[PDB]
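*Asks:* Each chain, written out:
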Amino acid sequence: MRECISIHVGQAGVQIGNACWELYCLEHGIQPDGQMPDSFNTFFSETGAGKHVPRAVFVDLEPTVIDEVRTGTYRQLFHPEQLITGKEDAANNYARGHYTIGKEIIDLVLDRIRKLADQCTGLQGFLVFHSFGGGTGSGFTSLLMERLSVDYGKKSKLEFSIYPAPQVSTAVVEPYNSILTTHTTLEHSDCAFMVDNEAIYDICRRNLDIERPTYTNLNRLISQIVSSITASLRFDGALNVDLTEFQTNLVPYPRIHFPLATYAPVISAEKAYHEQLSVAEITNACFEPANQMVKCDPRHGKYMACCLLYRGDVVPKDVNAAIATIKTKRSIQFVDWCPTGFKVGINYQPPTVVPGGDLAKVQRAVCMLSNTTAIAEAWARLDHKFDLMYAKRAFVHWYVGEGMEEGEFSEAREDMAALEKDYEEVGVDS
Amino acid sequence: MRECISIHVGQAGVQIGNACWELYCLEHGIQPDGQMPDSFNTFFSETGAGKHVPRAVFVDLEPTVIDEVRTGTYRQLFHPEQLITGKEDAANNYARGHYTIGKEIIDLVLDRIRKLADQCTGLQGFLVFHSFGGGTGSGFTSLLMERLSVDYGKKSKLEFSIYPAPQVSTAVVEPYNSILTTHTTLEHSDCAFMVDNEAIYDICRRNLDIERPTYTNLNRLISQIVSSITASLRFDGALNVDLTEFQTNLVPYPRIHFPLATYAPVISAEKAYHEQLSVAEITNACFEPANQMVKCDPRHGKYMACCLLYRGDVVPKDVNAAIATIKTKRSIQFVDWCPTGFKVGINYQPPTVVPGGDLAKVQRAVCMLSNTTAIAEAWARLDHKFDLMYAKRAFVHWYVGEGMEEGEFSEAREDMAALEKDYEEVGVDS
Amino acid sequence: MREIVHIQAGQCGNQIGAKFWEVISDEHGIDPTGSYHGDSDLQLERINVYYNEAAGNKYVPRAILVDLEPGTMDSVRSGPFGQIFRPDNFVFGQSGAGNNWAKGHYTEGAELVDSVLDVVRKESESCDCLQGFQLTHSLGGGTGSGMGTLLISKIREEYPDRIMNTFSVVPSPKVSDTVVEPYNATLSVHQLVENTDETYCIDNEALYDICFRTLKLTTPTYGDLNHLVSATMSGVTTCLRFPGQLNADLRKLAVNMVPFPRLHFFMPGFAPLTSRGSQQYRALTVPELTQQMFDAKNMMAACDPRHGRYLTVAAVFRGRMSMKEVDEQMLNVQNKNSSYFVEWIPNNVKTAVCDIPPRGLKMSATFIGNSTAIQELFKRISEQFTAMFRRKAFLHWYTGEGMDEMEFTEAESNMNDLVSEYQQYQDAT
Amino acid sequence: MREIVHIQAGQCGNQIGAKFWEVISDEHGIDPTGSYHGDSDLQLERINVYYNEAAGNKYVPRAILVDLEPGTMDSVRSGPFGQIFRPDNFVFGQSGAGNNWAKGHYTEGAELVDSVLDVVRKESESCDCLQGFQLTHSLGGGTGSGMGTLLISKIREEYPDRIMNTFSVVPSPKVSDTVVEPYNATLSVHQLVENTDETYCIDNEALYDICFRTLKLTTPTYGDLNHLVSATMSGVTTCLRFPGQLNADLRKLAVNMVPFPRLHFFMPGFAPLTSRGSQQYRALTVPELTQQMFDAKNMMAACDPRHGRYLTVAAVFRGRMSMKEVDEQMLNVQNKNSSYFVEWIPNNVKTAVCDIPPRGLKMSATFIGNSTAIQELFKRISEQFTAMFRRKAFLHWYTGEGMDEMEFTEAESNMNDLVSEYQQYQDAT
Ligand SMILES: Nc1nc2c(ncn2[C@@H]2O[C@H](COP(=O)(O)OP(=O)(O)OP(=O)(O)O)[C@@H](O)[C@H]2O)c(=O)[nH]1
Ligand SMILES: Nc1nc2c(ncn2[C@@H]2O[C@H](COP(=O)(O)OP(=O)(O)OP(=O)(O)O)[C@@H](O)[C@H]2O)c(=O)[nH]1
Ligand SMILES: Nc1nc2c(ncn2[C@@H]2O[C@H](COP(=O)(O)OP(=O)(O)OP(O)(O)=S)[C@@H](O)[C@H]2O)c(=O)[nH]1
Ligand SMILES: Nc1nc2c(ncn2[C@@H]2O[C@H](COP(=O)(O)OP(=O)(O)OP(O)(O)=S)[C@@H](O)[C@H]2O)c(=O)[nH]1
Ligand SMILES: [Mg+2]
Ligand SMILES: [Mg+2]
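Protein chains in written order, with the deposited numbering: chain C, 1 to 37, 47 to 439; chain A, 1 to 37, 47 to 439; chain B, 1 to 44, 47 to 360, 369 to 439; chain D, 1 to 44, 47 to 360, 369 to 439.
These are calculated hints, taken from the structure and not from any lab test. Where hints are given, some of them may not hold.
Claimed, not checked - Here are some chain D residues the structure puts well away from chain B; computed CB gaps all over 12 Å:
# : residue
1 : 27
2 : 278
3 : 371
4 : 435
Unchecked claim - Some, not all, of what chain A presents toward chain B, calculated at C-beta under 7 Å:
# : residue
5 : 128
6 : 131
7 : 214
8 : 276
9 : 332
What the hints assert, rightly or not - Restraint ranges, calculated between C-beta atoms of paired labels, are given here:
#  : chain 1 : residue 1 : chain 2 : residue 2 : range
10 : D       : 44        : B       : 130       : 23 to 33 Å
11 : D       : 117       : B       : 116       : 48 to 58 Å
12 : A       : 177       : C       : 97        : 27 to 37 Å
13 : C       : 293       : D       : 220       : 34 to 44 Å
14 : B       : 59        : D       : 44        : 52 to 62 Å
15 : A       : 372       : B       : 130       : 34 to 44 Å
Note that CB positions come from ideal geometry on N, CA and C, so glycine has one too.
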């Protein structure tokens, strides 16, 4: 009834999607062939007799990553028309993603979305997975969002984003891509959940005792967070939260729509046996800065909203108690305009564990979505990075060559300046 | 009781006929020898003991194509007198078809039709299969129609026509043939169903995943459409449509008798397993321009009549619901003089599938016959083509050499000009 | 003693008709062969209203089946109960009418009509005291509409003092089933206004709504729809066929429901109607039944009774129930819904009660409303007719069969006048 | 004879409601199918107060279940007793309100409200003599608060002379369950002040305290909390449903407890409440019960009655007990705690006694206190509202749904006035 459409854009989006759909299948008892020997239905449509198909679109501008899906273990899971590939990628260029290359498949992508949406009776909205740094993740995603805003209007749209790290980059032009896509998507997105690869790696190393975490591990971790967000819709719970509720409770002003995700507990089986994981204990873990999935310092910022989504063997009174004590704590300061800062969800289903996964099986988990003035720091950093390169017009010719105009760069930058000032203004007390 | 006589003219007509009669046999359980180990009877007459003979005439001016039938798998299916061949073809010349070569066998053809018709107790009418472009399909067909109009009067006559493509031709003189035959046949035909090879190829490539579709594939597809049209007469249904009903419901003015056929769903077995094919879903498929079998744009035209023929596991309420939603849709506009634009047929028998065919077995199918002001574009194109060649008198000497007069060319052209204006006039709102 | 002659025209007419026959046979304890296997003597007492008695303890429907195409007839013959019908009472053509009113009324229908008429006359002569005729058909096609109207015209001419009632399946507002249906309906209505004594307006749109919303049928089929219609039909004649406490008949109902001759187009309704699971959670008392009867969602015509006023309402109750209670309910509806009832017809609710309930139920009700809101339907048809006729669209299909524009025009005018008349009484104080 | 109509809005409303229904069924000897399997004729005598009698010896709750999301409804249906409810009385949307009052009151709720209203009207008409309506919901969410208030408004308009009572789960002081809950509460209260006759304020903070401290439940669950609420609820209507010695009802209680129209916000309480092991070490005499009733730790609203004064207190006792003793106890509490009772309402304790005790207990008590200390709660909400509204935080979520600042402002003002009024009577001599 309450269907959710998932869109996976570019390598990051697709690979994360692989991890998400693998998890969903295990959670609902769906085999890699679509068969199972009613809850599934928000994520899977059902066809004929004994087959379930993801309510998903996977898109990339090059064939390689999606070709893996096609030839892989879950080849039978997806219908061929929901796996969309072009010929040439966006080459870390927003312009190519948004204009030159993207305009060739946008119509196709949207057509398939329309077909998906036509088989929904109670569409809740869209979950869009992508990165800030890639030409597809940045340029194509922005394009897509624009179209969706026009064709679907006030339907809720949510983003999961691989936000660039402070000192861990892949591409040189990441700042450009990040800035432009943020500028173009800002007025079209209702809430965007930032996540940072550096932070997740640290978590893997520190909390899971993994010497060398791979992208796979990160993807798996992300899948947990996503599951927590949608478990309230896929399962029965004591106290429930739906996709429409987040943007109401986490976004205080239209532009300030960047909450951050934190998941607890992340432990190995060897380490789990010597610990009893109470609600208080996991909440405390969450509210400590080292377990955050963005490399930023909340102690230097203020909280504007916290949303805590508990799952498994969890009792409301206990949660209340846990929260109360965290409220007292010196390291948790909230903005002065917000005496009520907590939204709490509690679901009965314990977190499901992927066979051969890095995480141990626990009776309880929690996923916090929190919005903090500390994010301003990241924006400031990104702006600085942009400034350094743009002052020399480094790489600019590429963007212009793909049909972008130089004035649009300055436009993007000024918009981001404004955004930065908005955060600052919000920060101060009345 | 309600007999239907099929006439297959020239290569296209004959080859399509092969595909049609193959399908009919499979549908009624008739073997290639005419034997079966009561519904058949509208298409097959019955003789002596354990043999059924098609109510058909196959005609071509050269022996080669029909010789295949004679020597082939269904040699025993047809009586020798219903397979008619001359010696020399019409050489892509309407004149040769209509006059020089055609006048030698027309009497014969008609005599055999008379014999066929004499064994009918409730003749519904004639189905004529041919092309616009060939000398036989154009010239002979026109001749035949004229004679039939005289000898049978107001008996319903229906045409299935391989209309020439915009940018895919075989012959150079196609425009001439098309124009003259349309001119000569116009006042003698009640309704003619256009179909275009380019469009079918696209469908085959896009929807059936066939790299290289052959004429055979196209023929098979056509056979499905024809079956849908006649299934209401060959089987029992909930709500029925007969050959006389189409011309009433699809032809608003005598000259505007060119409805277009669209069939759904056209899928492979591999693609069919991941889809549930509801009435709404197939109707939507039909009403999207990419699945049409003429390369034209309905979004740029207006609908004057739509007739939807459903078959198999289909429920009237569901159909009503489907249609209602399509009515709302922006991309479906109807002419202002037509508040009621839908005629709906529903038959119980699912579409039968030819062993070794390209189409998957489905529980439901639908065949839309729709009449659109967008067809005017095609006519305009054809006229332009005619004009370019005629201005130089290119190829004209051939036609004159076969006894045609130059004045008749101009006559044909002016008639088509008038036709074009008629469509235009119809187009505008009151 | 009060024979009814049943006539069925076209696909719709024959499908509904068959269902009706099935319903009736079950009620009177008749099996698919025509043999009585019932329990009680009351089931046979008035069996002659619908059945002729043949030799060897068989009963045969006084039913005539008519169509210009044979397929439907064949289907009927092959159906459960197909063998109960008199073989000579199936009168079918070979040609069809091609969804064309003209073909049904003037051409193909004309060629077949005499054969029908001959049978009809014989049937009439069979009967000791013919009450009249019931015709089942659509207005939207060619045979049911053109041929049916022709049949009506002839029957009326022959037997002007007998009652002519019709169960007409009317075009839907949201979607059309045929392109020319406005023409076919408009023409048909012209005939009906002058030649029928009462017409039950049944609309498939309403029926689907009832089946989906009230009966909780996810995917209703035409059979199911027909069943509802059959139930209504049986309800209207129940007081003629079984003993009751306050007995109605066709004449009485007409008298009560038709204050002016042209205003004889009813919105029929049936109560109760429940799901399979939902029936255990409620008792079928008379007030509940009454409540079910009086609302827009339970009307079988696609028009809201709250958009007009009721001129009259006839309620026919079946089962053992208290007359006082019934009367109270009738009073109550009038009092509380005062604004939906015309003020110049006091006590405009008529009540009939038949002691024999239908099978499976302890009580049921049938509603016949003569509401000024039905004018909406007519208006829609007029509009649709106009839109097409002003541009002479499809006209050559009808003129080709010998029809003239004048006939069309007159038909339109008549329809318009009826609408005006309806409006006048709606607005009168 | 005195039908009550039950209405449930949102997740909270439906969870409490289900528990309440379970409690009631057990009391009246009704099993999960609706069949009576009780012992005594007194259990069925006044069964019509909460149940409609269906066909075949079944009883169905006069209960309407409403939500903008279906999951909760589904859960209810799947629960123990889920099958007792009338299927047509579940009215659910597909969208939700996204924890937004505006969506519940003006948008999504608006789209669903008519369907609810239709059911409600029918239910009302079922009843011979409707006492009125009881609504269970929260003030902090979007559906229970916005949709619920809308429903109340319409119901009151329709039936202005019937009693409207609410069991409202109020936001907690220490921790908020949602970020916008001050907005949602404030708006809701605006409606409640004008449109309800009495409102029981229930707070989860108090409930948890009771469960942990008094009931000795280490880890109480929402079910347990709901049980307490249900017990209170059943207590308030006990004198309507069973014979007693001094009988109360909803009207009488309102009259006794509400001296001025706006001051109708009660702090409910229930006694006795003991652990599993601790119950053997004490006798349930009336004085003990009284003592349990009169203290801050046993109040289900998060405010200390010692921070204000009691305007009135209603005590409802169930079981076989001595009236004299009860009266003595009532006198005693008044005399000894004189400073906590307003001096200008003499004998401000009202007593009711119902002979039928609840199951498992020989006697119980239900307390309804109208205390000026409840103003604290309102003040907190006002403060929280102000803090957010002055910076227009989250405002675009509400204004985006068509709401204006003026509405907010007015609501705030009304709340403030109520607080002032409460203060005035607290301070008066
Ligand atoms: N968490 C996570 N991050 C990834 C993964 N793959 C790539 N990234 C990050 O995504 C960014 C690179 O973007 P891609 O998704 O490869 O690029 P793209 O979207 O295909 O864009 P183009 O190739 O430029 O068209 C870098 O910041 C990577 O660290 C993954 O599997 N998991
Ligand atoms: N769909 C389809 N089209 C065909 C087929 N065979 C030929 N055509 C089309 O028919 C046209 C050529 O006409 P033919 O039927 O071969 O010519 P003809 O009628 O035999 O006329 P002449 O040989 O000139 O006497 C071209 O547009 C071809 O593309 C077929 O099997 N299927
Ligand atoms: N309720 C009901 N309606 C039907 C049935 N069959 C057809 N209809 C409705 O009747 C109309 C057409 O009826 P149809 O039976 O085709 O008339 P006809 O006169 O026999 O058609 P024709 O011989 O002129 S082509 C359509 O609106 C259709 O929806 C049926 O079995 N039950
Ligand atoms: N006592 C009790 N309180 C509850 C229960 N469920 C929720 N609550 C309380 O009610 C408030 C939210 O109620 P909820 O049911 O979410 O309202 P809603 O209006 O249905 O929520 P929505 O549809 O707008 S998102 C919270 O303060 C929560 O603590 C319950 O079962 N019992
Ligand atoms: Mg890439
Ligand atoms: Mg040839």
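*Asks:* What hint numbers does the structure not satisfy?
*Replies:* Hints 5, 7, 8, 10, 13, 15 contradicted; others consistent.
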